[PDB]
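Visitor: Now for the letters of each chain:
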Amino acid sequence: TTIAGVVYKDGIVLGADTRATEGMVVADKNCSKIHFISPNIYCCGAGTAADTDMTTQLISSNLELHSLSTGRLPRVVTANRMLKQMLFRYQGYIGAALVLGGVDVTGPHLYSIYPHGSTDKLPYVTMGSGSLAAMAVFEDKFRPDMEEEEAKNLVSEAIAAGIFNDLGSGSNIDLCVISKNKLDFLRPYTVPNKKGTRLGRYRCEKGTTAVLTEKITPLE
Amino acid sequence: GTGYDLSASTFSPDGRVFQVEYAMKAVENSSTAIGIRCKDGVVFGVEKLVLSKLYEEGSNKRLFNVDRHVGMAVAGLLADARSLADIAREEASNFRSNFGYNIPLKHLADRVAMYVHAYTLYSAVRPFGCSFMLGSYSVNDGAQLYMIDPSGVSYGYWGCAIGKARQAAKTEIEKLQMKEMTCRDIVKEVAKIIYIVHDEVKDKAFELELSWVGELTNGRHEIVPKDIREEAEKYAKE
Amino acid sequence: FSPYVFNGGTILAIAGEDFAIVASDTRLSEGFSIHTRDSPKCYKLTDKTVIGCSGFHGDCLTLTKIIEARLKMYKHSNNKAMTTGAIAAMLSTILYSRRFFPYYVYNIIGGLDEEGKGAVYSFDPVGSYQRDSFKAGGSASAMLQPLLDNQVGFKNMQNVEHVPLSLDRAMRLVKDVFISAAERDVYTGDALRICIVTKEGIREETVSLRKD
Amino acid sequence: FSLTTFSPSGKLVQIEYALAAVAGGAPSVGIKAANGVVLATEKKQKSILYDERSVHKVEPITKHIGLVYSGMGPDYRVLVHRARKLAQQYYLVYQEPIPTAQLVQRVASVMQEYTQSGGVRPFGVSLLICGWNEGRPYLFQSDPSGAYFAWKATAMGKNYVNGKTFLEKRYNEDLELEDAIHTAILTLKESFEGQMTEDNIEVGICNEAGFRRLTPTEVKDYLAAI
Amino acid sequence: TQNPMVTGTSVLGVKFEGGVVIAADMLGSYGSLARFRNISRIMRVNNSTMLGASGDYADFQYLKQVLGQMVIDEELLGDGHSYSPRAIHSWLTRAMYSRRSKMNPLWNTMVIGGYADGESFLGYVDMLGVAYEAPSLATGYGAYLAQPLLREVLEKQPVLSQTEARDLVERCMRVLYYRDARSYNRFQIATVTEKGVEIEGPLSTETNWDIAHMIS
Amino acid sequence: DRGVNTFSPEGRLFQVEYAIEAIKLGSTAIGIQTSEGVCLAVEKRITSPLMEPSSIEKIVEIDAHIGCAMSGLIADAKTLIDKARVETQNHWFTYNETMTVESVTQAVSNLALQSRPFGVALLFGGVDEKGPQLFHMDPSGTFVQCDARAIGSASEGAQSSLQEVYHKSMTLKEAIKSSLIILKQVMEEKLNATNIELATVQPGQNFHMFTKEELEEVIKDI
Amino acid sequence: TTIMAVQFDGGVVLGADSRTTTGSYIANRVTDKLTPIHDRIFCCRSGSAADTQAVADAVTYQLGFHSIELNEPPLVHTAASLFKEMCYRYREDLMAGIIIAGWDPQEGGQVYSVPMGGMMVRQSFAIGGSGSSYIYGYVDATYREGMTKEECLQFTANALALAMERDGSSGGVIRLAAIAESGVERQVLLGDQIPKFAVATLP
Amino acid sequence: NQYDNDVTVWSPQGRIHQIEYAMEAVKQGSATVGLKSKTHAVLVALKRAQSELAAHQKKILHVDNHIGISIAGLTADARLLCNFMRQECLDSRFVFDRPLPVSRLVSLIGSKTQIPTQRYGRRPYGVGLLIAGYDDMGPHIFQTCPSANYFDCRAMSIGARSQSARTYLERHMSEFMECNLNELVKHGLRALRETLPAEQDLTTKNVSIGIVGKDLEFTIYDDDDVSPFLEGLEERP
Amino acid sequence: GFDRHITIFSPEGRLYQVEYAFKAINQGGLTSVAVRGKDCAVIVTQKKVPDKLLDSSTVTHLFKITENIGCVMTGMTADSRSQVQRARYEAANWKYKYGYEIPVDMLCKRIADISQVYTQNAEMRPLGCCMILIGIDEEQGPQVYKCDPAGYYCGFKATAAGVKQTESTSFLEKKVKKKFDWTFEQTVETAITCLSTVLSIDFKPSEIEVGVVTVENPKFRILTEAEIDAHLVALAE
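Chains O, M, S, H, T, K, N, L and G, in that order, give the protein sequences. Using the entry's author numbering, the letters of the first sequence map in sequence onto residues 1 to 220. Using the entry's author numbering, the letters of the second sequence map in sequence onto residues 4 to 241. Using the entry's author numbering, the letters of the third sequence map in sequence onto residues 2 to 213. Using the entry's author numbering, the letters of the fourth sequence map in sequence onto residues 8 to 233. Using the entry's author numbering, the letters of the fifth sequence map in sequence onto residues 1 to 216. Using the entry's author numbering, the letters of the sixth sequence map in sequence onto residues 9 to 122, 134 to 241. Using the entry's author numbering, the letters of the seventh sequence map in sequence onto residues 1 to 203. Using the entry's author numbering, the letters of the eighth sequence map in sequence onto residues 4 to 240. Using the entry's author numbering, the letters of the ninth sequence map in sequence onto residues 8 to 244.
What the hints contain is simulated information worked out from the structure, not anything from laboratory work. Every residue, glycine too, gets a C-beta built ideally from N, C-alpha and C. Treat each hint with caution, since some may be false.
[To be verified] Some, not all, of what chain N presents toward chain T, calculated at C-beta under 7 angstroms:
hint, residue
1, 90
2, 92
3, 117
4, 119
[As the list claims (entries may be wrong)] If you want the ones that stay clear, here's a sample from chain O, every Cβ over 10 angstroms from chain N, calculated:
hint, residue
5, 28
6, 30
7, 61
8, 132
9, 189
Excised from the complex, chain O in its bound form:
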């Protein structure tokens, strides 16, 4: 799992891989590790996938309720505070490492959330098992106040480095770009890994697979 985010000139760009593995075997090749919170803020997940999903869904629901009650747009700082309180209440039992990014009325914000409840505001954030490669790519090729296309390219390069240099991450690149007026999900943005075609018709026709008994129950 490798997730990353950057603060560009007009907002936040979030990137993530789509390799959810059970131990050392790939289970999901298109696991959405970028989760919607509010139409202005997203958040990338890492660690225990189920805990991350439950926590991010709870935060999204609570913040949607809060925005409906207030009638205004929500704020990244509020989501950070909710996440920090929830995680620190359990003292790290929620093995969920999160990358929160969003656009508020006070400007775009990007935060890192750790399972024990630690948070900080950073121009660029990386998390996950392959976080080190993406962090190195940022440190090498980060420029403050960098435009939309260049920021997307930088995030794509960091995600690709994490994919090709960490075996437990990859198979797709998921991107999201957000600003004061734009929310654009990209899903698979670049597929640098394609399955080779199967040489020959490695298929089994009918007649094989002898059956002891068969039951047919037709419906309406």
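We have chain O; now place chains M, S, H, T, K, N, L and G onto it with these hints.
Guide: The following block gives chains M, S, H, T, K, N, L and G in isolation, referenced to the frame of chain O:
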């Protein structure tokens, strides 16, 4: 009246809480009290009815020490007054344990007034039948004096009186010129005012419980030495 | 961290024809250092019952004060003192009431019953008790008990008359066994407090022992 | 005692007084059209000191559930907050169904904490619910004591009787397009005393695309040519 | 509570004719670290009772706060009575025992000195709830080093005079500073008597190193 | 007034002055405490012959050295007697000795008013170190030591007769006959063995039923 | 990381490093460890970052509420009491070293230390963190009495710089906070501006 | 009268009526006197008897070696107060091994009894307490009324017709500090004897004495123990 | 019956208890005026001080709930202080749970929800105090709201509460109908002249206490004697 002055939770047709309007009557009926903020401190004073000579030296005293630098002079129903004094002591102890140092008088008065308002808000519990002055002094904040009605809220008082004869005491209190008089002459004058208030005209002989707080006592609210303030009582008699 | 530490001390009680002797050392120590030379393990509870507490000193103190409180409560609730058997049973109930985190103490109750006969009730740290003519509790239990039962009980001795013990003879044997145990067991010594329980009351004697 | 109570022989006297209270004076008409549902109400603020963009009568409970109400607005605030919490809890339990119209019946059913646990004093507000995430629209009414009624066109104001009569005479009908909001405004006009304007009238619409509280611009546009 | 971080080193005290003297150095040992060199481990319980502790200084501060609050509450009633040092020692004993029973021990070994009713009292309580009173007391390594001198002095002199008692305490502090890693050359000496409690302050002991030339 | 807790305007709260007058509806019971022991005599007052006399019991042994006689609502007396048994057994288990009848009565009085107050009066009788003793406990959580007590519908007349027929140095043999003649005077029918229950208290005996229809040797003399 | 406070006449100066370490990887090289508890009160955090942040936020809650209910700026001693209570009641669960300083009109510049355990002490200067244990001799030897604002600022900057260059868990930039009656001024020393004592060991 | 129905409700004229009715509970009770001295505190209680066959009931309850109380009034919620005071005193013994001072115990009783005077559904403890104790400041006598407003007193009496005893104590209270133990006990006996009508007279069976002193722990004297004090009665019924 | 005694719906279909509480706000003898302007919002209420033995320093009815929101209270002072404490607690709790400061409208909504809970149920009673709270809000300009004992939170531009609130509201309606925006001189003068026309005493600059929140300068300024005197001099010119 009738069905509206039965529980504090029942509002009057005009928008009043008659339970507290009757609880104030107990304070109005009980013995009076006086507290004056001297130039560098606050001086208390309460007359207490010796209902029978069978009692020992002054007991169930209307003066109480709620904290190291804070004292409470109460009038009204004395049992609930003592319970509220215990509540104030607990509040001061809790504040000292949590935030350290000494509880500011304004905050202590606000908290105890909020507690009293909580007791008068509901229906199962009844409003407290007592009114008291909280007096304290510190070098940083000078001398403060807050008075709490059985249902009202704390108010800053240069000099206040409560009990049987509030107006009669307050007239001479306003006659007295505070804010420039030292706490010694203020002790003498509070004794004088209390004896000006009627003591044996229609009641028994009264005892003079007077309290002290100020830089002359470096805070540390304590009862004035009665042996050396008997002469202040004598001056009040004259 | 552990909530228990062995503080030494040696207690001993003997049930006579009409007297109850409860003797104990007063040396409080743990590990290799001695806190004090005066820390009695005997505690008088009524005019006719004295207990001995040895082992963890804090638990000894707590148990003694709980016993005092329970005796006072029972006296108020029944308008009478508590019999030696009754306080023995109450102590047994208290000890097992905290079975899963027991008082690391050994209790021996010496006193006079309703009949006016010497009664000694030894106790286990977790509550077991039995009436005995004599028992020793503490670190020096292993080195003190054999002397007192082979003398008082005349065990392994033939052609000897089982004469009932006089008060003076019992006191002499108590002093002998304690002075013998003080030198072998380092926890024992520096003093000895002996409580004599009879109809006339409780008489205490403090004798000096090996100061090392 | 501490629940919905005061039911004598054959009667629900306390509930009947609550229903007399919810008679109110805010019509808050609702129309279930083929394309969607329109909930229109009247915001007749006392004097011009009050504001119309500050407080709202129509509240979006969730993505495509909108809510309009009747007398006892302070009770309605707590009720709509509870409804939002309940819908959010349902969406969290059954994650990602986009639950609006398969939830509109469910959220109306879970409006049992609304009255079946009255809270000593029953709620004094009747609320109309709209949802359209099923390929079909839904209009439901929950009253201070009952449950879902599944209305097609109704009013809950001071002149709710004549408002409903106007709705049926004007043939709320079934082929009516989404722009039955004109008929809803006309029904309000019958129970309105004044020259209704964009801030005086608040209306929310719930179609298959979702729910949206119409801004004063569109409200004035519809009110034009009436 | 469970594992102290900043620990206060040894404290000792002896009673004499008409009063008691205790002494504690002003070092807060963060393990092997002399992190805090200007902290007071001696508290004035009331006008006629003093208290010192050895161990976790945070626990000592908590006990100081609680005990001062309860003394203030006791003196607020103005009943004329007071918490006698015997009563104070018993209360601390019960508190330590209760904390041990709850398996949240207070990492402090406390020495309580007082002089009430014309008779000196000098109590002692530790983490495990073991309590007693002795004419001379010491904690930690002080009970190993300073205590033997006190015992040998008291064996020949059951009663003591104030000047020689405080001189003996100063010599014991010198010995402790000589042969204790956690010790420091800055100790407070507090004396309780009929006049009240008086604390000298940051007293220091003179070091002797003539034996340093005996290495060769 | 009507509130179980509100005090009366004059001197003493009501709804307990109502609970105490529940022995009036209850049946008569008399106990005598002598130096020989304690004699507890009650009437069963069987309404129909079909009901088994053994079923109707007003005297129940709390323990081997304590006997109790009820007068009032048998339902509430069952709970009070059960609590008395539990307290006695708990005390014996804790202290390995026989709980004093005074202590048992004190505990039952403590449990009497702590729920609408119990409306039964108990006549505890048993042996202790302070000789045989008898205690009269009343519905208003109050117990009093007594030597010869009467309770029930006609407690006034029975107590008045007992006041002059009792003397301080009597034995069991005279006490039983005095109680039986008084009972026969109070009741409506005769003192048949199937209608009268008797309980004896002895220093060296447990408290058993009075001879179980062979007690006619005491009623024939009557 | 390293955190340090000094008290001068009429104010205090705080110096903290920007590194927060996780194992041997630099989690955040620009960490802002000078959390403003109130307008004139600041917090220096060391240890478990999550625990420090949670404690600081809770104390900021309580202190702001208390100041609002008094209509008076809170005392630095009051804030230190809040921190000591919070750390002491949960010491077995919360492991954090906190340095507290600020200015109030009641006393002026004050400095308090509440390390792991929950003890409070008032000091002329406070030092804490993983990298603090390497500059004890320097901070004790090179500290004078009555130092002015600039002297304390430079001395704290030097101490933090050496703690950074020596300790492996400390690095990045230095954050300074000068608290006084006029207000608080926060500055960042980065790159060449870092006071460096170069060690040119001869070949 | 509506306003007299419940304790919580407040009368328009001032003080509430239920507590005023509560003070009638102690008024409707057997008389009991209690007086201080220089070194001793003595309680003389009238053991009211139901009938000649039954005992004279129990008064002057026992609390601790240095504290003893005398009840007057509603006996139901009086053993409860006795248990509370016993528990508090034993708690004091258990925590700091010292006899709980009488003033602090009385303050605790007042605080405990104040809450029922304000909580709905809770009747006030309509019991009059004459607490005799010996703290470090000599003997102390305290009177606790159901209004939870305690009083300290040189010599106070409560019960039926206790006003005559109050007057006698007041007239003779000057010569109370300098009196022997027997002299003070005889003063109390004369005070109590003046309460009952002339037909009644002091007997060994209908009186109880509670004495606490500096060297004398609290002891409850009755008939055989009272007889030495009852001698020299100077009987003027 | 008890329809008008407890918080239950009347047979006619009304709620009389809150209707009485609203008049309870009128009880107490005080008035307040809130005026929102082009860029600022000012609130002024009279300071009825009987006798000078009181401390005019603390007799105020306006407070700072947070760093940017200030309230003014009308009605019984005890309930007013309780609701002020509750509002301060809510603001602090919101700032703790959500990083950004609590919007004034949300704070009013929460206070009104608490009041609606109070008018619900029957154990408690509504608090007889009406709170008008103001504060600068980004993307919204100045904002003024009123929360009542019922739970209806609303009010804007010009809103008044107190005994003579109707006359003040009428005059402010006349002023706002006059289409001209008020700067940070005209808003204060409008509020002052409104309260002066309501109660014609010419308003010596000691009997009123005005709170101001502007946009360029945030925070709830409780303007001192000099500022109110200067504004009064400028107005009466």
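Visitor: Checking a non-interface call: every C-beta of chain N should be farther than 10 angstroms from the C-beta of residue 132 of chain O. Is that right?
Guide: 7 angstroms, violated
Visitor: Is residue 189 of chain O truly not at the interface, in the sense that its beta carbon sits beyond 10 angstroms from all beta carbons of chain N?
Guide: 27 angstroms, holds
Visitor: May I ask you to test the interface hint for residue 117 of chain N with respect to chain T, counting a Cβ-Cβ separation under 7 angstroms as satisfied?
Guide: 4 angstroms, holds
Visitor: Test the statement that residue 61 of chain O is away from the interface with chain N: the closest C-beta pair must be farther apart than 10 angstroms.
Guide: Non-interface label stands for residue 61 of chain O: nearest chain N Cβ at 23 angstroms, farther than 10 angstroms.
Visitor: Does residue 92 of chain N hold up as a contact with chain T if the rule is Cβ-Cβ below 7 angstroms?
Guide: Where the cut-off is 7 angstroms and the nearest Cβ of chain T is about 5 angstroms from residue 92 of chain N, the hint holds.
Visitor: Is the Cβ of residue 28 of chain O farther than 10 angstroms from every Cβ of chain N?
Guide: Given that every Cβ of chain N is farther than 10 angstroms from that of residue 28 of chain O, nearest at about 27 angstroms, it holds.
Visitor: Against chain T, run the beta carbon of residue 90 of chain N and see if the smallest gap drops under 7 angstroms.
Guide: Violated. Min distance 10 angstroms.
Visitor: Decide, holds or violated, for the assertion that all CB atoms of chain N are farther than 10 angstroms from the CB of residue 30 of chain O.
Guide: 29 angstroms, holds
Visitor: Would you settle whether the hint for residue 119 of chain N is holds or violated, based on the nearest Cβ-Cβ distance to chain T being less than 7 angstroms?
Guide: Status holds, d = 4 angstroms.
When each numbered hint is compared with the structure, violations occur for hints 1, 8.
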